Amino acid sequence: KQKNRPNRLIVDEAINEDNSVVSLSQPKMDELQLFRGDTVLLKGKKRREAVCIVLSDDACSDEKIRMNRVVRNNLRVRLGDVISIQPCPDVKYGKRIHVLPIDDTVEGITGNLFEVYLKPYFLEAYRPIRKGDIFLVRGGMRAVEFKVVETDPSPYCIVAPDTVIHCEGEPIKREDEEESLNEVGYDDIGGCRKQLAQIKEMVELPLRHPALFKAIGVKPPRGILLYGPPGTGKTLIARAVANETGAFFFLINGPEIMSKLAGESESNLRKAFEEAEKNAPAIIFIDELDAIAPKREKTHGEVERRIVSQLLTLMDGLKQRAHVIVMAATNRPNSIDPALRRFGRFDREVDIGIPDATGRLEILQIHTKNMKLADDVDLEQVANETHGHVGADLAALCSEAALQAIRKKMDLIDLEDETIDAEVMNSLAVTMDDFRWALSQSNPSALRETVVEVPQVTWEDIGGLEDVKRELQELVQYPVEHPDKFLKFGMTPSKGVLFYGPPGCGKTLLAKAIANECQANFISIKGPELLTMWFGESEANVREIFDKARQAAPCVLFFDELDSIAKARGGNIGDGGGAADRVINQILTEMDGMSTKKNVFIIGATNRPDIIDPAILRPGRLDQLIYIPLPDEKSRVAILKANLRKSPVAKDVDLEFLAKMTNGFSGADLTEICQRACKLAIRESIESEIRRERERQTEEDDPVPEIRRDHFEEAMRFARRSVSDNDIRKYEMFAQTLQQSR
Amino acid sequence: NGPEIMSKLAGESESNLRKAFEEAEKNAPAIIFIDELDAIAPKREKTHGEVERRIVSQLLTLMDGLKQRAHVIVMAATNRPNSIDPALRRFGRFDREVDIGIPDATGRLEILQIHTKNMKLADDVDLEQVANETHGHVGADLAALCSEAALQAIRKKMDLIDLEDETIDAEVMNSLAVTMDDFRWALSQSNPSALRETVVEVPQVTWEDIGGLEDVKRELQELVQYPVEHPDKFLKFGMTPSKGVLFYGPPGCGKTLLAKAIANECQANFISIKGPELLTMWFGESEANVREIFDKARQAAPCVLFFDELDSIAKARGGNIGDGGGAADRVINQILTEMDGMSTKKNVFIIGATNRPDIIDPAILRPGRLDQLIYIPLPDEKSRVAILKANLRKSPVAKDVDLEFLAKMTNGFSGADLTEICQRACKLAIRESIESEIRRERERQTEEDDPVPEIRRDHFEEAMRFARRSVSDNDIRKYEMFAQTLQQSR
Ligand SMILES: Nc1ncnc2c1ncn2[C@@H]1O[C@H](COP(=O)(O)OP(=O)(O)NP(=O)(O)O)[C@@H](O)[C@H]1O
Ligand SMILES: Nc1ncnc2c1ncn2[C@@H]1O[C@H](COP(=O)(O)OP(=O)(O)NP(=O)(O)O)[C@@H](O)[C@H]1O
Ligand SMILES: Nc1ncnc2c1ncn2[C@@H]1O[C@H](COP(=O)(O)OP(=O)(O)O)[C@@H](O)[C@H]1O
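One line per chain: the protein sequences are D and C, in this order. Heads up: the first sequence is residues 18 to 715, 723 to 766, going by the entry's author numbering. Heads up: the second sequence is residues 270 to 715, 723 to 766, going by the entry's author numbering.
Hints listed in this document are in silico derivations from the structure and should not be mistaken for laboratory results. Beta carbons are placed, not taken as given, at the ideal position from N, Cα and C, and that holds for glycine. Among the hints, a few may not be true.
Only pairs whose alpha carbons sit at most 20 angstroms apart, straight line, appear in this in silico SDA-like list of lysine to any residue [unchecked claim]:
(1) C/543 / D/631
(2) D/614 / C/407
(3) D/236 / C/447
(4) D/20 / C/726
(5) C/426 / D/80
(6) C/584 / D/586
(7) D/486 / C/707
(8) D/315 / C/316
(9) D/336 / C/270
(10) D/486 / C/703
(11) D/502 / C/726
(12) D/236 / C/389
(13) D/565 / C/457
(14) D/502 / C/703
(15) D/236 / C/408
(16) C/315 / D/355
(17) C/425 / D/215
(18) D/615 / C/459
(19) C/543 / D/610
(20) C/696 / D/511
(21) C/425 / D/97
(22) C/696 / D/513
(23) D/231 / C/431
Have a look at the derived ranges for each label pair, beta carbon to beta carbon [said to hold, decoys possible]:
(24) D/402 / C/466: 46 to 54 angstroms
(25) C/606 / D/594: 46 to 54 angstroms
(26) D/284 / C/342: 36 to 44 angstroms
(27) D/594 / C/466: 26 to 34 angstroms
(28) D/491 / C/636: 42 to 50 angstroms
(29) D/503 / C/636: 47 to 55 angstroms
(30) D/610 / C/589: 30 to 38 angstroms
(31) D/312 / C/491: 53 to 61 angstroms
(32) D/500 / C/466: 27 to 35 angstroms
(33) C/737 / D/742: 48 to 56 angstroms
I would like the entire structure built from these sequences, with the hints used as guidance.
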């Protein structure tokens, strides 16, 4: 019999949320001789079966199958296991079903469960079922499970519209074999994909195949340290990993240990390891490690040092045993004992970090999973206006929105008539106004720290700068792809670039655009940060900056306003000193001593190129000078089009005339003409609306919906240059005399 | 070990520390090893408690009672000598000190060979590449690197491939090989090199990389290699040799190369202290770290201590006009102090280098200090040919190019500027090659005829139209006034 090649696949994560759709790739589907929508039969561990409608996708391999968590848990398999697939063309429509609830799930549910939950689920969707499964329905701010007990064309069928359901009986007990579905899994973690990938590949072999480490002498990693700001969900990630691998999970925590007597604390710390060890494979989680093992000089007492030393010897005695893994959580790497971050104790480090806007949209979708929002609610808006929020903030935001909806209406309205139950709660919807109320007030964003992400600016927002774009392509994207020519010719690529030119000519845009192109992370350090390090006399924080750059590779490190400190202590005349300062010296030091191939590109920008320290233009540092000049008419047209593409402007306006009229204008000045025109338009519109509201009321004829020629004329009479002729001639002397200095 | 002792009760800790010595003693000969000595015996004021001082004193009397017995040896391990109790580093307790240190590239190749001893690597794996690209790794890093490579090979293939068919055993594991791609994957990511400290080793630059400088080479031979071999004439004539030299000249003329080359010739270790280190000591107001520098020089003898950019601090506080002060600074004073008071025979040679020879403190040119001035001048055509050949010897260049014409065309060029012409030519060549490859890939695919495998005359012409001088005439005349007026100052 042939079973290995046509009938074997490997389980992985899902993208769809339906509990019956199983997704696979088109080559396997025309290899299995299966079309879309055909019910398929899956066999897994412990002779369990399931019937599921099939679907095709493209973002898969040719041996991976994507199934949801319900269907996966219904076969007793876990991720990375193998199953058997078959075509089942002999399913028929049912004529009698009987379903029961699980008593652990139904608590405080009053009314009847049929018409609120089982009526919209099997509505206009032919769903297949098999006797003895468990499915899940979401709604009324709860998630209720249901178990099938019988089927009339036994033991499996399809739910047709004329299939009666006898929802008769009392709740049934959850046995000791299946696991609950209110637990944590990888699906309940929004954002943070790369770090999840790292941790999953780091604990795959020791926890899935434990016997393999009795057949080879190879030491797997045993110390993992997660860090990030509080409220980023680290214990979540721990329980998730521990549940998806089926491993045992023990939990130790700081305050509970440090609130006991001496002997009891040591005895608990010892018993945790002993117990943990006995059951295998296991995971031990120590959250708030900073509390129990701080810096040495911060342990002013005596018993604290005993606890730290006890933890040290306990960690050091697991170098032989390969089935136990220890994970811990902190807030920053430099807040714990330095003798812990060594080989054998905590050698792997992961940084969770703050979510990006797409991650924020993911978290908002996670927490409103069974809330029954209205139709006007646009979560993209909310995800774009919560800059500085972590997962706990978004959870609290959704909860506050829900509580405002329950409070405002439907509780005082019915308090004088009847009681509350599930049917009036399921009909309750939340509106966008509640989200705006919760988003306006009572929400202190808890972030004043740096952000690292892939930016949103792209090449289509920059008018002109073609040669600069080409040279940026050459400097950034070649050695990260094709090392062949660089080894063949033996020459090493550069790792720095210095932009210069008149101010307000689009130097930050180029940096953001080239970071977005290569899909590499972006870090920006403005002028005030360097000046804060200068005044405060604490240049030991440059060491932190580069560290983040290193741990988030590939990356782009952008230093704008590099002439800030050189201008602070006098202009070109300066003080009695020279050109050497503290912070730029630390930059030179930290820049010279880094990896020759780590894929970290450093960009500088300055509009006063002469008063900069010439010791940074030496090789091995920023040594590729690029000149960003003032635009020309062919480029001014492109700048104006790029600025105006976002707002509705009429067709009678001619851009070419406005472009040729502004000679010597810097690109940062053509962008405020647009702002002034829009302010005039908004003023005119509000004035006309108020005139209509006050004319009769003390017929939809839009006064003007866009900008016209007269608004541009009024705004253009306020046109202002921003760079003089002498400044251009100074830049041009620097350009002509670019030779015969160094 | 430290933590196991410091995690007990008082009486139990003392009793274990005593029992260790008694039992150890009985069996003879023995060795007692105390790792993490820094933990159990830190500095006195860092023992804020009471029982810690009792433990340190107990260790002191236990060490002091083995002065009679000659069969027991005590070894200990720390991280730095100035992190433990000063009363331990005395005669009778811990009088011999060894520094292990960071491995060199040949040592790194040795460690990589140790740990892949039974791994069955493939044929394309070139460990020399890996040993040349892991600058900043210690033995544990290399062990982890090899283990990660092995685990990647076991994970990627041969585990998911056979999970749907059979089990794993020894015969399928011996047929498993690791490829160079796994080593590149492990070497790219997940490997934070844990080193930001100084390196000491014998360099790789030799005399065959320096074009010209014959008389300077001869005088360097005389100054460095004679007294370390033949003390006979120096005792017979009673005159003592010098121990310092000061290079000077225009910038970018190969002063670091000479230092590295003479260190490689005599097979002595090399230590380099750039400008930014001195400037961090100046701004940070912590010139107590010069004392550490010389210590390493002493413990790694024979050696060469090279101070480049010695005029950094003198230029930081104004130029020749400077501030209201004079020519004395903090760090250079510490250098004078630490340099005067060292052994007359330890074989440690100190080299200085500066391209602004006038604004330096004249108190360093006195005897017993750097008092052998050497002048590194701008090259000439016969030397420019050698510089160009030395730079181009590593890359494939065609035969139609004539170096003598390019050499005579560049007059007054400093050697650090002829080395970027080569870089520019190679960048143009690499751009041309990538462009032609992309043209072939996009021409038909939307027959091995190499477009150009080397550099030709046209690339050199295009790069040469960007030729830039870097030193003016007035600067040469300033150096020449200093050279002519080298007499009648000191
Ligand atoms: N060539 C250009 N194309 C498109 N927009 C431009 C261009 N030049 C300037 N801008 C606009 O000018 C704004 C400010 O310019 P910016 O990119 O900050 O240059 P900058 O000099 O580095 N910053 P600053 O010196 O403080 O003005 C940007 O937000 C753009 O909207
Ligand atoms: N005579 C020479 N022979 C060979 N290479 C040379 C010579 N002179 C300069 N170079 C090259 O110039 C480069 C930089 O010169 P370098 O030896 O650093 O002189 P330097 O003045 O001490 N350093 P710097 O002042 O920052 O340029 C070296 O890496 C060599 O490749
Ligand atoms: N990335 C995320 N995905 C899903 N939920 C998150 C995320 N980040 C934070 N949260 C939510 O906010 C809380 C933050 O986690 P935390 O308070 O650190 O863990 P716990 O209290 O479970 O130990 C959790 O209750 C979690 O529901």
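Status of the hints after comparison with the structure:
At most 20 angstroms may separate the alpha-carbon atoms for a hinted pair to count; residue 543 of chain C and residue 631 of chain D meet this at roughly 16 angstroms. Distance hint between residue 614 of chain D and residue 407 of chain C is fulfilled; the C-alpha atoms sit about 18 angstroms from each other, no more than 20 angstroms. With a C-alpha separation of about 17 angstroms, the suggested pair residue 236 of chain D and residue 447 of chain C falls inside the 20 angstroms cut-off, and the hint holds. For the suggested pair residue 20 of chain D and residue 726 of chain C, the alpha carbons sit about 49 angstroms apart, so the restraint of at most 20 angstroms is broken.
Proposed proximity of residue 426 of chain C and residue 80 of chain D is supported: the alpha carbons are some 14 angstroms apart, at most 20 angstroms. Simply put, residue 584 of chain C and residue 586 of chain D have alpha-carbon atoms about 17 angstroms apart, close enough for the 20 angstroms limit, and the pair holds. The straight-line distance between the Cα atoms of residue 486 of chain D and residue 707 of chain C is roughly 18 angstroms, inside the 20 angstroms bound, and the hint therefore holds. Only pairs whose Cα atoms come within 20 angstroms are accepted, and residue 315 of chain D paired with residue 316 of chain C is accepted, the gap being roughly 13 angstroms.
This hinted pair checks out: residue 336 of chain D and residue 270 of chain C have alpha carbons roughly 16 angstroms apart, not beyond 20 angstroms. A C-alpha spacing of about 17 angstroms is found between residue 486 of chain D and residue 703 of chain C, which places the hinted pair at or below 20 angstroms, so the restraint holds. Restraint check for residue 502 of chain D and residue 726 of chain C: satisfied, since their Cα atoms lie roughly 13 angstroms apart, inside the 20 angstroms limit. Distance hint between residue 236 of chain D and residue 389 of chain C is fulfilled; the C-alpha atoms sit about 17 angstroms from each other, no more than 20 angstroms.
Straight-line distance between C-alpha atoms of residue 565 of chain D and residue 457 of chain C comes to about 17 angstroms, which keeps the hinted pair within the 20 angstroms bound. This hinted pair checks out: residue 502 of chain D and residue 703 of chain C have alpha carbons roughly 8 angstroms apart, not beyond 20 angstroms. Taking the CA atoms of residue 236 of chain D and residue 408 of chain C, the gap is near 15 angstroms; set against the 20 angstroms cutoff, the hint holds. Of the pairs offered as hints, the one joining residue 315 of chain C and residue 355 of chain D holds, with about 16 angstroms between alpha carbons and a cut-off of 20 angstroms not exceeded.
With a C-alpha separation of about 14 angstroms, the suggested pairing of residue 425 of chain C with residue 215 of chain D holds against the 20 angstroms cut-off. Under the criterion of a C-alpha separation no larger than 20 angstroms, the hint pairing residue 615 of chain D with residue 459 of chain C is consistent with the structure, at around 11 angstroms. Proximity of residue 543 of chain C to residue 610 of chain D is assessed by CA-CA distance (about 12 angstroms); at most 20 angstroms being required, the pair is judged to hold. Distance check on the hinted pair: residue 696 of chain C and residue 511 of chain D sit about 11 angstroms apart at the alpha-carbon level, within 20 angstroms; holds.
Using a Cα cut-off of 20 angstroms, the hinted pair residue 425 of chain C and residue 97 of chain D holds, with the two alpha carbons roughly 13 angstroms apart. Taking the CA atoms of residue 696 of chain C and residue 513 of chain D, the gap is about 16 angstroms. The hint holds against a cut of 20 angstroms. A hinted pair counts as satisfied when its Cα atoms are at most 20 angstroms apart, and residue 231 of chain D with residue 431 of chain C qualifies at roughly 18 angstroms. Range check, residue 402 of chain D to residue 466 of chain C: about 47 angstroms between beta-carbon atoms, so the 46 to 54 angstroms window is met.
In this structure the hint that residue 606 of chain C and residue 594 of chain D lie 46 to 54 angstroms apart at CB is violated, the actual value being about 25 angstroms. Range check, residue 284 of chain D to residue 342 of chain C: about 38 angstroms between beta-carbon atoms, so the 36 to 44 angstroms window is met. Between residue 594 of chain D and residue 466 of chain C, the C-beta spacing of about 30 angstroms keeps the proposed range 26 to 34 angstroms intact. For residue 491 of chain D paired with residue 636 of chain C, a C-beta distance near 55 angstroms fails the hint of 42 to 50 angstroms.
Taking the beta carbon of each, residue 503 of chain D and residue 636 of chain C are about 50 angstroms apart, inside 47 to 55 angstroms as hinted. The hint said 30 to 38 angstroms for the Cβ distance between residue 610 of chain D and residue 589 of chain C, and at roughly 32 angstroms that hint holds. Hint check: residue 312 of chain D to residue 491 of chain C, Cβ distance near 55 angstroms, so the stated range 53 to 61 angstroms holds. Distance hint check: the CB atoms of residue 500 of chain D and residue 466 of chain C are about 29 angstroms apart, consistent with the given range 27 to 35 angstroms.
In this structure the supplied range 48 to 56 angstroms holds for residue 737 of chain C paired with residue 742 of chain D, their Cβ-Cβ distance being about 52 angstroms.
In summary, the structure is inconsistent with hints 4, 25, 28 from the numbered list given earlier, while agreeing with the others.
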